[PDB]
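The chain below stands alone and is given as structure tokens, in the form deposited in one PDB entry.
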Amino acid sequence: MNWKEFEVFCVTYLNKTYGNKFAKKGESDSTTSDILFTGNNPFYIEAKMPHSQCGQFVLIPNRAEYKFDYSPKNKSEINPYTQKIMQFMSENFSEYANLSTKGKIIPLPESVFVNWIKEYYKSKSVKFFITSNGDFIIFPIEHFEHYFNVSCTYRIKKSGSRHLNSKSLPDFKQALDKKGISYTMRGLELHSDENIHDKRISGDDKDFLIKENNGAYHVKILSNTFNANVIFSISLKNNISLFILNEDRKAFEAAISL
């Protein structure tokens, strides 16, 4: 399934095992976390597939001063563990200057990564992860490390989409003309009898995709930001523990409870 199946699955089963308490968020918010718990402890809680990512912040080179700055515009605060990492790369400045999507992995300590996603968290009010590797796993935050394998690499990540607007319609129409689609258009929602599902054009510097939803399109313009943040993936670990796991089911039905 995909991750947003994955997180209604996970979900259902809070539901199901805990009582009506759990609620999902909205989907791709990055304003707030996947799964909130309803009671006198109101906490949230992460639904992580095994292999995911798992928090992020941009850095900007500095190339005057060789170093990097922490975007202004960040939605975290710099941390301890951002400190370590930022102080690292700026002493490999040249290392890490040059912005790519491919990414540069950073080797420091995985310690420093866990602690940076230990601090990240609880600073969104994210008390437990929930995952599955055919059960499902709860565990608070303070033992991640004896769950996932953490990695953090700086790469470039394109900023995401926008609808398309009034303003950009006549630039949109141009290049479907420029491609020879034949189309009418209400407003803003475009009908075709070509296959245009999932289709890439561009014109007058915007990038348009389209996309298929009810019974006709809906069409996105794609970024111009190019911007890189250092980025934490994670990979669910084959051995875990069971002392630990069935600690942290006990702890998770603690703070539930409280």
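Positions refer to the first chain, counted from 1. Rigid core (definition): largest C-alpha set, two forms, superposition within 1.5 Å. What changes on going to the form deposited in another entry:
Just one residue from the list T225, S28, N213, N41 crosses the 2 Å line for C-alpha shift between these two forms on a rigid core fit, and it is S28.
If the structure you just shared is the form deposited in one PDB entry, then what does the corresponding form deposited in another entry look like?
Single chain only below; no partners, no other molecules.
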């Protein structure tokens, strides 16, 4: 299954097992806002597939000072583990200043990355994680390292897309015309008997992406921003202590009962 199906899988399990107290609906925040436990002791439940990513922050190379600057537009504050990562990269500036999409791994102790993850998810009121190895596994953030292996890389991650809008619509119709695509527009929705799912076309400094949705195509404008972020990858352990697992399930059952 994909990660969206996985998250629904997790929510359904929580509600059927522990009562209909776990919400996954409405808008999300610019930070992690996954599953919400809606009881008297509320907290957010972060769902992770066995191979996932797990937080990030953008660093800007300062080639005059040979150090990395924390982006003022980042959405989490510098903690000591942020600082240890930045310090390591800055002391090794020439090794990290040539940005790449393949990334460069950061060889600090794994506990630095685990502690960053703990600090970040705690700050977003994420108190528990849920994952699955065939059985559901629920555990508190303070015990993260008993469940996931963690690594850390610095890589270019292109920013995301945005919806086609009215201002861009003439440009997009002209891009379809130039590419020879047969089409009709219903507002901002695209209709075509051609097979153009995942088609990429460009026009007037905009890269467009076409995606099939129900009975029409939805059109996106891709980003032109290619900044680099420290970003954490996690892999579910194959050797999880059943003792820690059991006490952590009780910790969850306590949290939802307070």
